[PDB]
Amino acid sequence: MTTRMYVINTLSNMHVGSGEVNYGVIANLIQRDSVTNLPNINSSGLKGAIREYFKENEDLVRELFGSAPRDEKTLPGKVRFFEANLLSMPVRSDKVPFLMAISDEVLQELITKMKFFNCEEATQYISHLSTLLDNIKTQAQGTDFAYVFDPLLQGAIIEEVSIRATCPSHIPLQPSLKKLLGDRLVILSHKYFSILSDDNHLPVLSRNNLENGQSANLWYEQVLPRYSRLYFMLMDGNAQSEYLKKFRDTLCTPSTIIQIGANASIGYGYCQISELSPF
Amino acid sequence: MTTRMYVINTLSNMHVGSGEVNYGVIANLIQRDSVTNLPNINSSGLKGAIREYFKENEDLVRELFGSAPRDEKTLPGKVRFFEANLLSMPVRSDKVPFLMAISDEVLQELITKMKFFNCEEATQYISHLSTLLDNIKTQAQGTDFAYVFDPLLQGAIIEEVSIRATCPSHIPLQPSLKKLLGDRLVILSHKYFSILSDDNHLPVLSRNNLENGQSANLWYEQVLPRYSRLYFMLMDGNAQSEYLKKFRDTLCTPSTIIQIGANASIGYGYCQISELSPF
Amino acid sequence: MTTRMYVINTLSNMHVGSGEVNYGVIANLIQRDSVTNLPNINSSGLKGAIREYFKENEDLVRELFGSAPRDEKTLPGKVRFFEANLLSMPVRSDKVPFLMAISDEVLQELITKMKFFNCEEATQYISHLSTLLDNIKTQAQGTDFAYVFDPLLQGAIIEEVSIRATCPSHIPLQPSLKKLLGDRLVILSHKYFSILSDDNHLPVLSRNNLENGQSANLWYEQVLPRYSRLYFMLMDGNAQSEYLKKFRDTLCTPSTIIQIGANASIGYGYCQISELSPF
Amino acid sequence: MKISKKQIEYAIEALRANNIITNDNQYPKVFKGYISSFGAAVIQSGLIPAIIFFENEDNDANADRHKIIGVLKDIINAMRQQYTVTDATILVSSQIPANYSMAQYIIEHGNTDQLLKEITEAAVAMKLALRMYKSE
Amino acid sequence: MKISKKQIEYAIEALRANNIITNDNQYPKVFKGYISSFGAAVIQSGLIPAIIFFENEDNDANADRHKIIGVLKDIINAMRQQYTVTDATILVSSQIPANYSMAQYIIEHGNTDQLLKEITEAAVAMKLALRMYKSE
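Chains as they are written, first to last, in the entry's author numbering: chain F, 1 to 279; chain E, 1 to 279; chain D, 1 to 279; chain G, 1 to 136; chain H, 1 to 136.
Derived by calculation from the structure, the hints in this document are not laboratory data. Positions of the beta carbon are idealized from the N, C-alpha and C atoms, including for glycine. Do not take every clue at face value.
Pairs of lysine-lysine, DSSO-like flavour, derived with a Cα cap of 27 Å [to be verified]:
{"id": "1", "chain 1": "H", "residue 1": "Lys-2", "chain 2": "H", "residue 2": "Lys-32"}
{"id": "2", "chain 1": "F", "residue 1": "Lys-115", "chain 2": "E", "residue 2": "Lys-113"}
{"id": "3", "chain 1": "E", "residue 1": "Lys-178", "chain 2": "F", "residue 2": "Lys-137"}
{"id": "4", "chain 1": "D", "residue 1": "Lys-73", "chain 2": "D", "residue 2": "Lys-191"}
Which residues of chain E face chain H? A few of them, derived with a C-beta cut under 10 Å, are [said to hold, decoys possible]:
{"id": "5", "residue": "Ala-156"}
{"id": "6", "residue": "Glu-160"}
{"id": "7", "residue": "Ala-165"}
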């Protein structure tokens, strides 16, 4: 009841700038986790974007998010927003346009987070994800692996000639886990996923500034690829029930699209937020 | 049944403000220990957070924590809280997502603190930690070192301090020490840990306030990395055993999450309190 | 059965309040000597803390410390408590987490106090401390000095006052002097010690009062750093040998911790009283 | 920290000497952003890359960005002039030559912990001293 | 990625040793674009295509582009010379032969992340080192 896990499905190339200076090729990098070095959204940015979406409902924002800055009455927000961590990232291939890529360490982190935070429907997900991770570890036996669960994706090149996909027939993929993580799922080793998600491999978009049709500036912007999945934790801090119901209804409505990150005017950070479906 | 040691495992980034006016880049600096300059939590903030968690049980708070600030009658607190000193910090690695970093001086300080305070399960831990530190000093021979104990973690690089870890085979790490200090543990020299934990290498986050899309403010915040381990000592005075048992059960329950520090609404400073397990 | 020297050796932060009217940002300042401005503890506070520890032993308290404030009949206490002057303080270092800082002037004042009071083991300590001080003055030759006695500690940096630690190889530090003054001892000029122990360099902590998430009050607190050493003189007059022996044995017991200072519930000012060991 | 008045005076003199503030107490607007960004660049990147970026002449910028590096060098020189020459001290008091780029000095004068501290303090002093003047 | 001062030193000596930097601390203005384009090509097309393109000697370019690949090789050799014994067990510490083609060296050694990371760091170091000197 208190804690729910929400999945973020991005519909365009999303950029949450870290704001730091990079003197290499990429001038603008994206936010990364302080521990795992994976792309993420700061909880402040998530809360700001969601508050911007709900700004019209003044009572709901005041009860859930808190008081507006520099208001005379500073009242704390009741709902607690946790940072969104990368769940699945699309990887380019030769057999299919893109595949859903997740590492064993990402799965273990998700299992640990569900154990610690005690999500609403966490028990079945933890059980099945632990079973899947144990099967993957048994099959790998300490080596690098790229495991697909579709027999047609055998021998697929996951963005790099070194990484080739093998299909272990013994390991089953439950349909709810497929829905959570994504179709055409590949389980990568930590080394492979770190290589595929580092600064030399993440997609970059080139932009230039034109003055009377002549280029004045030029820079590269790192982006999180479209259709990437991130999970964040929402804690119900004794907030009012009806406002909470309205919040979850609007948030999980299929017609709802939320903008998170930078470059809103050029259609960058548009996402769909989904709740953890019961298993 | 007195002066037992509790371990704090952070589930997210922790910011406990020092309240000092820094005119440099990082306006919001975290709280650091007076003598060792390591990040810490004052016992005042710890007591405030634990009182806030337990505020529903009025009698337990009155007996153990004291009296409300605006109560007509004053009641001294019966339980003695102590400052939470940093034990382990996560550091980035290439073979694994992160390593648990502790220094020889941190271990010496922990052993000395346990000897002075005589924790409930202090004897075996002191003996084994002294053995481990003696073995580490024997192997290091006064040189800078970075020792991992899982043979698979040999050659793991600490990213901030670009030093690869070596595996001393003859130094054993006991499972209880693994449970206390954390999994994937690297023991470094004092200089390496000081460089890792300094203001320049701790995670700094950029934040802004937006008014109708344009940036109104901008400031830099530093935080304690997620999964950081801190320990504090808890002494019970002439406190009733029933309330103490209720407090210890609730505090060490796996479903209990305590918020310590600032930025509660954006999921900062959420942690779990664990007791010192018998060796 | 005469004047005896005791060492305090605080195991945590210590705040003994002056009650003075503050003119700056720090509302709660610590007690300082009128003449030398060094941190001190009033004899009333020492007597109160020691009587609080022994309060259960009614006969010992009545014999040594005297009658209770509400006692229907008044008995003067046979034990006279004196001021607790600062002996050593921990200062921030680079090769080690901290060093125990002592000055030449406080050493001379200690020698004068032992000569004036005629402590139990005064003579040998006076002779050896005088030889050490004369060697220090011979090596310094009127210059600002900072001498370490562990060869590994040569080149250490005192952070607050940017001075470097030198190692005079011809000045032996006897083991008893190490036991009295502390490990990793640094002897420096009294100007450096005064700067290190002044109001601008003593740890200052910000504190809060929160009502339903709203800050009610704000103030700043001054504390004496943990592991600081203070010495005082205890005069027993002529008490019962059994009660005096019980008092000394309980004080010197390694498991005995005394609370001196204000903030007992948040672990401020827990110490371990030592006795002047024979040289 | 706390504001160092002497460093603010050094910053004022260096800002005047490096032709940042005109005869009227006025400066080009972009220098505020330059000074503010210098510290963040120093922290996020290395000190050497930040000094290279800001000291770089012939860049495409709205004003003379290397002037802030000149101001920083002047402030560091004043600090080293005021440094107390005593034994058992850490700080080296030798001035930075006027024919030397700051990047070259930091390159061949490593173990630059003192230089890092001085550069951060000088950046803070520059930021606080620039507020006495007006931006055109 | 943080560029060390030793990497920038290696870049300076490599740019002098090949002949990017003249004896009067000046370089042709087109090498700036050469290094920036090499970084962009590495990030976009890949390590091997960029190395092959900039390694070519039968160019129509104004200046000698292959000297930037030579500087790359020298910087990588200097970086590998300081590899620690425990680093050599994980990383390849062998020196690249002077007359060896860099592209064929990379191909024969695979496409390992070590070589790509070294190339990217050395390219950033080259850019920073050129930023310290005057564009003719």
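Cross-check of the supplied hints:
1. Distance hint between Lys-2/H and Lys-32/H is fulfilled; the C-alpha atoms sit about 20 Å from each other, no more than 27 Å.
2. As the CA atoms of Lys-115/F and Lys-113/E are separated by approximately 32 Å, the hinted pair breaks the 27 Å bound.
3. At roughly 21 Å between alpha-carbon atoms, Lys-178/E and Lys-137/F fall within 27 Å of each other, so this suggested pair holds.
4. The straight-line distance between the Cα atoms of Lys-73/D and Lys-191/D is roughly 50 Å, outside the 27 Å bound, and the hint therefore fails.
5. Nearest Cβ of chain H to the Cβ of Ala-156/E: about 9 Å, under the 10 Å cut. The hint holds.
6. Residue-level restraint check for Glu-160/E holds (minimum Cβ-Cβ distance to chain H is 9 Å; threshold 10 Å).
7. With a least beta-carbon distance of about 8 Å to chain H, the hint placing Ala-165/E at the interface is held under the 10 Å criterion.
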